[PDB]
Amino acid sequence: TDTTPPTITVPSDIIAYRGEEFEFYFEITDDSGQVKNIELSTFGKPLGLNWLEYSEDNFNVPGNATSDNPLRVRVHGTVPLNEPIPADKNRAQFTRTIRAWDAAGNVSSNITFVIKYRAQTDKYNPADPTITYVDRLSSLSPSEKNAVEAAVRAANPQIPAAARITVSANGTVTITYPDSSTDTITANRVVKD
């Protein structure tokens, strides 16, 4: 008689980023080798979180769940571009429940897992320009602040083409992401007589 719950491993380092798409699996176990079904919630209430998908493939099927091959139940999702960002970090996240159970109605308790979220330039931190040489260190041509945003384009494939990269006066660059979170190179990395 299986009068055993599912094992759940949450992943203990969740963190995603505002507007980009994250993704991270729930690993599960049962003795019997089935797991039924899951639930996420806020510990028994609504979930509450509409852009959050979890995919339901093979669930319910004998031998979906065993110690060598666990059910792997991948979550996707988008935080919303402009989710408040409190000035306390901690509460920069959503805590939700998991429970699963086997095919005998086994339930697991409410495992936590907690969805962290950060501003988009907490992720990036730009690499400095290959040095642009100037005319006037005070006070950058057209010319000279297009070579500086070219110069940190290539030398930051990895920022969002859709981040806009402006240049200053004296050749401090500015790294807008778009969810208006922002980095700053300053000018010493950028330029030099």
The other form holds:
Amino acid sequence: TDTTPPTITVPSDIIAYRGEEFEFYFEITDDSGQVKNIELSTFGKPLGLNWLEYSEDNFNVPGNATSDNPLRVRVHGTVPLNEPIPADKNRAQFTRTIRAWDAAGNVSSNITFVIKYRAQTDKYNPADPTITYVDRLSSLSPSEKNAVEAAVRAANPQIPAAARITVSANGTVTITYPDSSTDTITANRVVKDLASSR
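Could you please show the structure of the form deposited in another entry, as a counterpart to the form deposited in one PDB entry just displayed?
Next up is only this chain, free of partner chains and other molecules.
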């Protein structure tokens, strides 16, 4: 008789960026070769993360969970754009637990996984734009600000389209990601005097 519960393999470095879809996989096997279902929890309490999702595809099918072909459970979601990140950046995580049943009613003991989440600017590193030559460095014209925003946008296609690029009177660039975290580019790397570069 089967008295042995399923065995679960967890990903070791799950990192998510606010507002951006992420995914990761659990791998599960059982000596019977069949896994019935799983439970995501907070150590036996409600999961408490309605944005976390996973497919029950191929659950409880003979052969779905062998050593050669493990049950691969795809977990995905989006950490909310405005999920709180406290002063200590490393507190930004959720520790949760997973267990699985086999077809014989053996349930594994909860093991932990940790979902770390960070601000979008941690993901993004803006390349400097091609220099925009201006008439007065301490007072850019509207067309000069537009050229800057265009140049920055052009130099960083990997940056999200929903990120907003602003430009100050002296050409300082602020890039504000959808989660309101920011990057900055100093004026002396964005604009130069036209008449001097003659």
